[PDB]
Amino acid sequence: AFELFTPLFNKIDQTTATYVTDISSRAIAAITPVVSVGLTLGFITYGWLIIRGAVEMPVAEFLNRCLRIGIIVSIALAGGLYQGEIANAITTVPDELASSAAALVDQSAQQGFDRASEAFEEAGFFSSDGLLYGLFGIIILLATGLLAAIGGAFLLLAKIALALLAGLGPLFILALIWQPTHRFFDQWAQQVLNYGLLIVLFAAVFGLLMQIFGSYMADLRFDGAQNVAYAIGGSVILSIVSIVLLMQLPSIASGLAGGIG
Amino acid sequence: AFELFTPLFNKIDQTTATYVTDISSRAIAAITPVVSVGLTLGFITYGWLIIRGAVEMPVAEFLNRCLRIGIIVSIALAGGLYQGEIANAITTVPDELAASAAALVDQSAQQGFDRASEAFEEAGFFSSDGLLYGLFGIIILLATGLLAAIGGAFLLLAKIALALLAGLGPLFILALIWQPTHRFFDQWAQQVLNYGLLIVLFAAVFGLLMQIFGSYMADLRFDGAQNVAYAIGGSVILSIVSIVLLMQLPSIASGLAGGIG
Amino acid sequence: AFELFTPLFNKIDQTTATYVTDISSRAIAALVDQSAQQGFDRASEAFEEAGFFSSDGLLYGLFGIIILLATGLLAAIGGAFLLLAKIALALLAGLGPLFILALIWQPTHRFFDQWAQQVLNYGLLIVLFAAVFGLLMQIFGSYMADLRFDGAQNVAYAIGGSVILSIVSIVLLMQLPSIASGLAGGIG
Amino acid sequence: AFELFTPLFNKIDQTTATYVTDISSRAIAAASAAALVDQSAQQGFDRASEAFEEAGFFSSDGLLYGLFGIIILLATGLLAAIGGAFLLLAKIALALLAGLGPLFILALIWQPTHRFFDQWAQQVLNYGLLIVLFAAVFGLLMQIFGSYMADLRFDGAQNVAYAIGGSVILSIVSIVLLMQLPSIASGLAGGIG
Amino acid sequence: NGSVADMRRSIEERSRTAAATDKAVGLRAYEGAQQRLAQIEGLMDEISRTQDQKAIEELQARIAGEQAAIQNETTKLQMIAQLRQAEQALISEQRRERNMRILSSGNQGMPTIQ
Numbered sequence: 001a002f003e004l005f006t007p008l009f010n011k012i013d014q015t016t017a018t019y020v021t022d023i024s025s026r027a028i029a030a031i032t033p034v035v036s037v038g039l040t041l042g043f044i045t046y047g048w049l050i051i052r053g054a055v056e057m058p059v060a061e062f063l064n065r066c067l068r069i070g071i072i073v074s075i076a077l078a079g080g081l082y083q084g085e086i087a088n089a090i091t092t093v094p095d096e097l098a099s100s101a102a103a104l105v106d107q108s109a110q111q112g113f114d115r116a117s118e119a120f121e122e123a124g125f126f127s128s129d130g131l132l133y134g135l136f137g138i139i140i141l142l143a144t145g146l147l148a149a150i151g152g153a154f155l156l157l158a159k160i161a162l163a164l165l166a167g168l169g170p171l172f173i174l175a176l177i178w179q180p181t182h183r184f185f186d187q188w189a190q191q192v193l194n195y196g197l198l199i200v201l202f203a204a205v206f207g208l209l210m211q212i213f214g215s216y217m218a219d220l221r222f223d224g225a226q227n228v229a230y231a232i233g234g235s236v237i238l239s240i241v242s243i244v245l246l247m248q249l250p251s252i253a254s255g256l257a258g259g260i261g
Numbered sequence: 001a002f003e004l005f006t007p008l009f010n011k012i013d014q015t016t017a018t019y020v021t022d023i024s025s026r027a028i029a030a031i032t033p034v035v036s037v038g039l040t041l042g043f044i045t046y047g048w049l050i051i052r053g054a055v056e057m058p059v060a061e062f063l064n065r066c067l068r069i070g071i072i073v074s075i076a077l078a079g080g081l082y083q084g085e086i087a088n089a090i091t092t093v094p095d096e097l098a099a100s101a102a103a104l105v106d107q108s109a110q111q112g113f114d115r116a117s118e119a120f121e122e123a124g125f126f127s128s129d130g131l132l133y134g135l136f137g138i139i140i141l142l143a144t145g146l147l148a149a150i151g152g153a154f155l156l157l158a159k160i161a162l163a164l165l166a167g168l169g170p171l172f173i174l175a176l177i178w179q180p181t182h183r184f185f186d187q188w189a190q191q192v193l194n195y196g197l198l199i200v201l202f203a204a205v206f207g208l209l210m211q212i213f214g215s216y217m218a219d220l221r222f223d224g225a226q227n228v229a230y231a232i233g234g235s236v237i238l239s240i241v242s243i244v245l246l247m248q249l250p251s252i253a254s255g256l257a258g259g260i261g
Numbered sequence: 001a002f003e004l005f006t007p008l009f010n011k012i013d014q015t016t017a018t019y020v021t022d023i024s025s026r027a028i029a030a031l032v033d034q035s036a037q038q039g040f041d042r043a044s045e046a047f048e049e050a051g052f053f054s055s056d057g058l059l060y061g062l063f064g065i066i067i068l069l070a071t072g073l074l075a076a077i078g079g080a081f082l083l084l085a086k087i088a089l090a091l092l093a094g095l096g097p098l099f100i101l102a103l104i105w106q107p108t109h110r111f112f113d114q115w116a117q118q119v120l121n122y123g124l125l126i127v128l129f130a131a132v133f134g135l136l137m138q139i140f141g142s143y144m145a146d147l148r149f150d151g152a153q154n155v156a157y158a159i160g161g162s163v164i165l166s167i168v169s170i171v172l173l174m175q176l177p178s179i180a181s182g183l184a185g186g187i188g
Numbered sequence: 001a002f003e004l005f006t007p008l009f010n011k012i013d014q015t016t017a018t019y020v021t022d023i024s025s026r027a028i029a030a031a032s033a034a035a036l037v038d039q040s041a042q043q044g045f046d047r048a049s050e051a052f053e054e055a056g057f058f059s060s061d062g063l064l065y066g067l068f069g070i071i072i073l074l075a076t077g078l079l080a081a082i083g084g085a086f087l088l089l090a091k092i093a094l095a096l097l098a099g100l101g102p103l104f105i106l107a108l109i110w111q112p113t114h115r116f117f118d119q120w121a122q123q124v125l126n127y128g129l130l131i132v133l134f135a136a137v138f139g140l141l142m143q144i145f146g147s148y149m150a151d152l153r154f155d156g157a158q159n160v161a162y163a164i165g166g167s168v169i170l171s172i173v174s175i176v177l178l179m180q181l182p183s184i185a186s187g188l189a190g191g192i193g
Numbered sequence: 001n002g003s004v005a006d007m008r009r010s011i012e013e014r015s016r017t018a019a020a021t022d023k024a025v026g027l028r029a030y031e032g033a034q035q036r037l038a039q040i041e042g043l044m045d046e047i048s049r050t051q052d053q054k055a056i057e058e059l060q061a062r063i064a065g066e067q068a069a070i071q072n073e074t075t076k077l078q079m080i081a082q083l084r085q086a087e088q089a090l091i092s093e094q095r096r097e098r099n100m101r102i103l104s105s106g107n108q109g110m111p112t113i114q
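Protein chains in written order, with this note's numbering: chain E, 1 to 261; chain Z, 1 to 261; chain A, 1 to 188; chain C, 1 to 193; chain B, 1 to 114.
These are computed hints drawn from the structure, not numbers from a lab. Do not take every clue at face value.
Taking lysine to any residue pairs in the SDA-like style, the calculated list, with each CA pair at most 25 angstroms apart, reads [as the list claims (entries may be wrong)]:
no.	chain 1	residue 1	chain 2	residue 2
1	A	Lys86	C	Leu103
2	Z	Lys11	A	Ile126
3	E	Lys11	Z	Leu174
4	A	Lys11	C	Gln39
5	Z	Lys11	A	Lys86
6	C	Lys91	C	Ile109
7	E	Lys159	E	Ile23
8	E	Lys11	Z	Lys11
9	E	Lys11	Z	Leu208
10	E	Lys159	Z	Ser100
11	C	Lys11	C	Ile92
Covered by chain Z, per the in silico footprint, the following chain A stretches (three or more residues, Cβ under 8 angstroms) [claimed, not checked]:
no.	stretch
12	52-58
13	166-179
Where a beta carbon is used, it is the ideal one built from N, C-alpha and C, also for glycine.
Could you build all of it, start to finish, from the sequences and the hints given here?
Structure (structure tokens):
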């Protein structure tokens, strides 16, 4: 069975998830008791400021403690939600594309490459005139491979980038204290919004266009019913339309993401 | 076997690295000790004249002299660790990040071109119908060549950039004793960060992609079990996906380096 | 016996001479050639082998076309950038004194700033492509002069190495001009 | 005979006139330019046709000569097309700007339209410098390429590989310079104002 | 075996030699057949004038013998044609052997950058 995007996604997702999430766990889980101990020591320090001297607005110290507790809770719960959220996003990609993505792409490419292989059989039968059929097969194969590969590559880039951003999540959440750190956090949010809009847009348009292309490839056969020139032209024209649209979408997605603010 | 990436890497790390690096380092090794003795004479004599002239040595003079001496010693040790760390980085950075550094790339290309050679052999066997296999071999060869060449070209450009940036390093580091020359130092620091990010990203990602491609295509065999059109389409898809990811990386690296500031 | 660039550069020198002739009436390399020769000879032996069979040997024709295309694209990119920068710098020098005349007014110092920026940019571009193109094309020429189609060397290995080197050099030649422009903008 | 750029430019010019210039007239009411490039493309296609004829002569090895003909054909076609296309775009830009010049210039009565008039003049200057640049550079490169292709022959004297490589290198170099040209034109136009 | 260029020159020369030998043997056999026809005319013109029944029987048997010789000639010509086809096949097979050797996957050498 033509299962190629399935094992590639499996291997790359296994590497990314296991490696990065294991790193984040080994860090955060060991850190957590240290963070709690540090918070207790900070409480003792404000105890010194209460009892000895040099204090300022104790009710305000309530605001500072509230902010710090919020940051710590966000960081720890965000580490847990990250450990769950890698799987959450991985599942969200196929469901968003369907409303699996890899199976759909593989089936459409399977139809395209079945047509290419039948053209190759036709070429191999003649053995003298069987080079025009060979070129036909090459054209179909290149078109289908181009479409499937560009789409899968952009999806994989989005998934890896989102996983890396989630992995770095706790650092930038702990880095929301000061004003420059808030400047960091704003750019982090900009990037994650950019990549999320990218992955959703590609899921939708990729699903629609590749279902159209799979249907068209299924409707083609190399026999006396159809004029082969028209069918090959339709295949290449549809492939080029799809590839240019998928190529020009991410610029628009990034532009709108930046324009939101 | 296929021995091109490691010897090309070695030759590049020899010729241009030797010329620029050793000319700059020979000049610096020639000219530092004299300058250092001169600096000691200048500062001790400044402090002698302040002792025996107009008052110009409060704790401030010690402060200014201390920081300037720190910068000068940093740049001199920067020349020494320039020779040492240029050697160490060129040797280790790709290898340590993701045996040997380019041996994985060479092995993967070896598998790819062995399969292409098998296709060429089958093409030559028939010699009349044996042109379809010729196009199969040409397509496979172009796919593997484009992937390996993109990866190697980005790696080579990144290492050359690091070598040149480190070679200019001492001058730029010495070039922050004033304010505007500090403004010029900032862009050199930004570029160093940019190309360090570049080497890290391509090292990891391209190592992963080449390992996956090598396993896939070494598994490939031309017999009566695997549909040849399916396998060739898969190889083309993997090549194009990897090319897309590697083309999207450098913009990511440069943008992140600019964002850090 | 491969002379391509030399007439091109000589005709461009003729055009530059006409430009300086205009301005006067007012005021009244081969390394790539030699490397591409070896590349094209190693491509033409493939055509010879293909012609010998004349029925069976089309794979050799495709190999020759691939080699010829790789060498042609590489040499063409390098020479195109070299020639572009050469003609642009010559034209800017020809218009130089008119731009330097902008000393008379304080506001026209922006003209000189832009002029110097462009001149420094194209000078850096000359330096960068000169050095890098020379090194890469020498490497490619050596590799292709080592190439052969006989009973010992593998066709796939040789041609794959050729195409890999060609694409690598094209990628580098594409990245250099942006770096040159960025450095020129930053320094100025 | 090779009448490709002449009829194309003639049709574009007449459909520009009748549909823009006469409308501008209504609003008011209230040696050849392409001969050299046509000859150069004719010579290139003549060489391609000779290659195809040789390819047809052998009928057994007549695939290598077909491929050489295809390479020559593609190179000359791409170069001539790039040049003529940029000429067409520049011509249509100047024609539209001249059609809409009256209204945009007369808009300068009120001071708030100074920016609009400046943008209009910026477009006009950009596309004028653009037409000058293609005129000079592309005329030179068509002369060179036509000379090379006309002096090409398929004989025992001239090695096929050297000639094909020469045609490919010249075509690619010319395309690279003509791709770099519009950026330079836009930069100079922007720096002008 | 040997250098591939040696293989190329040997194949080309062998093809030219095969074609030329075919043509030359054809011509030589043709004038041989003309000699045979002259002999037949002589035999008949001398057989018109026999005198005793034993003489005519003997020369009839001699004519039968010449007929047998011509049949042997026909066998030889068919046999030379078969040999020509066989050696054309051998030459094509040697072309195939060289073509397989040049492209073979058993090759391992690679031009190295120096």
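Cross-check of the supplied hints:
no.: 1; hint: A:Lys86 to C:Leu103; result: violated (43 angstroms)
no.: 2; hint: Z:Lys11 to A:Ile126; result: holds (24 angstroms)
no.: 3; hint: E:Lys11 to Z:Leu174; result: violated (48 angstroms)
no.: 4; hint: A:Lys11 to C:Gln39; result: holds (20 angstroms)
no.: 5; hint: Z:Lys11 to A:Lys86; result: violated (30 angstroms)
no.: 6; hint: C:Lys91 to C:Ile109; result: violated (29 angstroms)
no.: 7; hint: E:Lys159 to E:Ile23; result: holds (18 angstroms)
no.: 8; hint: E:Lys11 to Z:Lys11; result: violated (35 angstroms)
no.: 9; hint: E:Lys11 to Z:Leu208; result: holds (10 angstroms)
no.: 10; hint: E:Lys159 to Z:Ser100; result: violated (29 angstroms)
no.: 11; hint: C:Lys11 to C:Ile92; result: holds (12 angstroms)
no.: 12; hint: 52-58; result: holds (count 4)
no.: 13; hint: 166-179; result: holds (count 7)
Hints 1, 3, 5, 6, 8 and 10, counting from the list given before, are not met by this structure.
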